[PDB]
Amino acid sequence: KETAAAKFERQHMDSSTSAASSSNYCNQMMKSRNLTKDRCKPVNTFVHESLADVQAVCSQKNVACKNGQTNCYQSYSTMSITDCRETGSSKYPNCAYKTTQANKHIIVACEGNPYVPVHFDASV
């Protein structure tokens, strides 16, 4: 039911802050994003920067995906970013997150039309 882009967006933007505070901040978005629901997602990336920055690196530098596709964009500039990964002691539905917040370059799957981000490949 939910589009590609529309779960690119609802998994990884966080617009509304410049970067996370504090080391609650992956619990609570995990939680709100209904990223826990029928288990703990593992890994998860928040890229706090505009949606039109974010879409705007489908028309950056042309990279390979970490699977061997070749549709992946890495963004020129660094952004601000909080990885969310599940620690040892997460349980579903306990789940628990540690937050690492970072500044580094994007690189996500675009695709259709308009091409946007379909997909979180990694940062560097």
Second form
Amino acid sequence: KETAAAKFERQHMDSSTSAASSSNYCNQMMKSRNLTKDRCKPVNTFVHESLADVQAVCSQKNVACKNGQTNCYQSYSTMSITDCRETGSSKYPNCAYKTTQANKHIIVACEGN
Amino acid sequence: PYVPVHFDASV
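Switching from the form solved without its partner chain: structure of the form solved in complex with its partner chain?
In what comes next, the whole complex appears, and the chain from above leads the way.
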């Protein structure tokens, strides 16, 4: 089965692009990364940095996770990211997404692997 | 080492 590490890459890494090209980046990417198979994944973030740069976030600023765990790390620097959010009208299997491109810090939970 | 497993949030 897909490891947690493997699933992260799948659902959030997009190192082939410096930023969301168009208003359709999310529609395109949710489908291709397979996030619309049983349902429309309501929200998702794609990060456009190299995987070493994202793995490295795990040796950066330790912060509490949302759920209170203590294995979250915030990047020191802002990163190129694309925010995908399912629209009001999005009805499965015609999953529709609002694409928002921005530079921001990311917080991720890290585990040993 | 340590790898990212969940995306908690941005900014």
